[PDB]
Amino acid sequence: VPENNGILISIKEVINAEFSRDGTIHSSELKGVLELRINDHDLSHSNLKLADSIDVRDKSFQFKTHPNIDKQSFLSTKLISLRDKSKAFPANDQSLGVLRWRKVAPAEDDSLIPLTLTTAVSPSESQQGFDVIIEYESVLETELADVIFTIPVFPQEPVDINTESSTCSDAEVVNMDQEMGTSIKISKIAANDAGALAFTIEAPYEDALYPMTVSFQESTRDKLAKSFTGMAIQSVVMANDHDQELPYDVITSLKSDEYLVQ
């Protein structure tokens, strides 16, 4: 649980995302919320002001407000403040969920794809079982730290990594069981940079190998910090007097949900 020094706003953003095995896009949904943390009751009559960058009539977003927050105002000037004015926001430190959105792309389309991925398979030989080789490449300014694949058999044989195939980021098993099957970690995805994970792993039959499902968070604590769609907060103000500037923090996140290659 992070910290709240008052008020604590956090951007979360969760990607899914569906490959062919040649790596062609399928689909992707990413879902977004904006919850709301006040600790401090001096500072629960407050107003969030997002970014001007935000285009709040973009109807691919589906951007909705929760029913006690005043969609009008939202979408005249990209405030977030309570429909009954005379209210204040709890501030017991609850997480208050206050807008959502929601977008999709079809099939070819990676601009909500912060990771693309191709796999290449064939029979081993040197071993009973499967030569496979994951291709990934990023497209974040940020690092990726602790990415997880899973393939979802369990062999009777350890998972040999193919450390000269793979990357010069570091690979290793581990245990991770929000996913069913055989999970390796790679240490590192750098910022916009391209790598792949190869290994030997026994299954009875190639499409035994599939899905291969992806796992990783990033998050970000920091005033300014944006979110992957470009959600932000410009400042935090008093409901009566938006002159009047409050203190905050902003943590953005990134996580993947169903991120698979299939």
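Basically, rigid core = biggest C-alpha set you can superpose within 1.5 Å across the two forms. Numbering follows the first chain given and starts at 1. First, how it differs from the form deposited in another entry.
- Once you line up the core between these two forms, the CA of 202 is the only one from 202, 29, 70, 35 that shifts by 2 Å or more.
- For residue 180, the Cα coordinates differ by 2 angstroms or more between these two forms after the core has been superposed.
- In the core-superposed comparison between these two forms, the C-alpha atom of residue 169 has shifted by at least 2 angstroms.
- Put the two forms on the same core and the Cα of residue 146 is off by less than 2 Å between these two forms.
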Given for the second form:
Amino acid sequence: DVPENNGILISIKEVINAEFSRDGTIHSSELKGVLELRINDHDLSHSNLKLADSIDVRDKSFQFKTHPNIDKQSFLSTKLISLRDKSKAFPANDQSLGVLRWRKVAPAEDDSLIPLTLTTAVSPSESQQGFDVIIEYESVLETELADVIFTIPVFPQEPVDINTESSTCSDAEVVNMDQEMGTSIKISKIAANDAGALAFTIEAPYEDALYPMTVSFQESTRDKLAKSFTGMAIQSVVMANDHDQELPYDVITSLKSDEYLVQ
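If the one shown is the form deposited in one PDB entry, what is the structure of the form deposited in another entry?
Excluded here are partners and other molecules; the one chain stands alone.
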């Protein structure tokens, strides 16, 4: 996509990195966010977003950073994205305007930025020259994840044997095998707030060959009352001149994994 804009479109994009030990202990995690504004209507040029009253805009752990054209002090005191110069206007050319960034970082053992926890266990197998692997995952997301991709860095000769009534998603299937990348297994759904195991057998020389495992998920929502993973949200859009005059808009809240791995 390059999603459709009916005037003013607000996008809240978050990206999550996360490294775990094999057993499941969080080693690190980093979350980067941005809020962007696309406007394609010169009548909406003189708008002002206002963020949800539930966000602490002074919380230093988010490292909030307003773009320079934006007025940092009304943001900090009022939770209001507005122009530095009251007489000017946002470009109405449908370009993505970055108006606010954030970056949050958790130390070891801190699971506050983790939308999907992971554990792995390996034991040598009977049925293949390799290992029986179990990947246990728990989601803490309000929505579901669709087509989550675990990927194991080996390109076995014998096909991967997905233990099928031991796994939560029974259409769990290998979808890619590559000499470089390894083997990728898709999982159709991980539903909101639920636990799960992907269990399978794979040929490998030794445990170390199976790491790092990597996972890839991604999620979206065009709902107007949707909070991002960290809580970011838009309470309303409003005229620069008259703060009582509401303005029409859609908002897209997304979350992607980037480097999300067990090591």
